[PDB]
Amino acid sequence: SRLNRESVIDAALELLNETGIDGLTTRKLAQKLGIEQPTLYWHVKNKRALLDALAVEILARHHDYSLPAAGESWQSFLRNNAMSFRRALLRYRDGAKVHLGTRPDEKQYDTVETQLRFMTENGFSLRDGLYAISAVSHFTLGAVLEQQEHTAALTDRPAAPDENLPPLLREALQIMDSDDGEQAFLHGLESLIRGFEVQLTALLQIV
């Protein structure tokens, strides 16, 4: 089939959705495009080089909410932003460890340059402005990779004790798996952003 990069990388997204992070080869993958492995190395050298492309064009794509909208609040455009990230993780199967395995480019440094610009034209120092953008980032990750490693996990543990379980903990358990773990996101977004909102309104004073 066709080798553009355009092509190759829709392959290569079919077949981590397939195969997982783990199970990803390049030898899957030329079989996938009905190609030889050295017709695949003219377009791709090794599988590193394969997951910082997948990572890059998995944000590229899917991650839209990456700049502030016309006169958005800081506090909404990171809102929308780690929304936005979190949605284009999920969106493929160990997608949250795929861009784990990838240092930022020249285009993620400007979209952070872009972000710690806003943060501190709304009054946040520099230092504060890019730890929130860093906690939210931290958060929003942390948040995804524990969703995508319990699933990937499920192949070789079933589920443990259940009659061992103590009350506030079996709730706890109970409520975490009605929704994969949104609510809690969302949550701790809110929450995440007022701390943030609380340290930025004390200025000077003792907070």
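Positions refer to the first chain, counted from 1. By rigid core we mean the largest C-alpha set that fits within 1.5 Å across both forms. What changes on going to the form deposited in another entry:
Among the residues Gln108, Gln75, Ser84, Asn122, the single one whose Cα moves by at least 2 Å between these two forms, once the core is superposed, is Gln108.
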The other form holds:
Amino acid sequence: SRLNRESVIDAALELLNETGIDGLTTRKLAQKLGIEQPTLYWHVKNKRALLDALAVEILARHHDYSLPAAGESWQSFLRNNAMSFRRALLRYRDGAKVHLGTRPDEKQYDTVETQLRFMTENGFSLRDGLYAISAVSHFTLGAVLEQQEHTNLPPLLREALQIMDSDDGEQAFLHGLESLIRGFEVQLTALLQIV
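Having gone through the form deposited in one PDB entry, I am curious about the other one (the form deposited in another entry); can you provide its structure?
We keep it simple here and write out only the one chain, dropping partners and molecules.
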């Protein structure tokens, strides 16, 4: 079939949904594309470089709230951005494991910069804004990893596992997110007081 960048990524995401990250190989990617392994090698050198590219394209295709709206609060932006990040990660099998370990790509340089300058325009230091941005990322990735990778009790534990089951963990994620944003807001409003 066609082996432009877009078709190779399309095939690899479709294979990812079929096999998961551990089972995704260049050999099964060559099979799905109806080509020999050395043909594929011209286009994609190894599994490392494939996963790096998926990680970037899944966010390019499906993370539609990278940027704040005109006049949006920093609280509302972090909320929307976290929900968008979570959705994009959940959209493919093992999607969070695909994202894990990746550093911003040159193609998202300007996005991450904008996020950080935006927080600095709203009264954060670069440091405090970085802390807030990393805490949202680390909380969101952790939540989606346990959700995806989870794919004679004592009473509380029994009832709790029941509660976590009754939805995907969207409730626990959205509640924790509100707690993190409020804690950031309490820190920011304090200035130099003891808080």
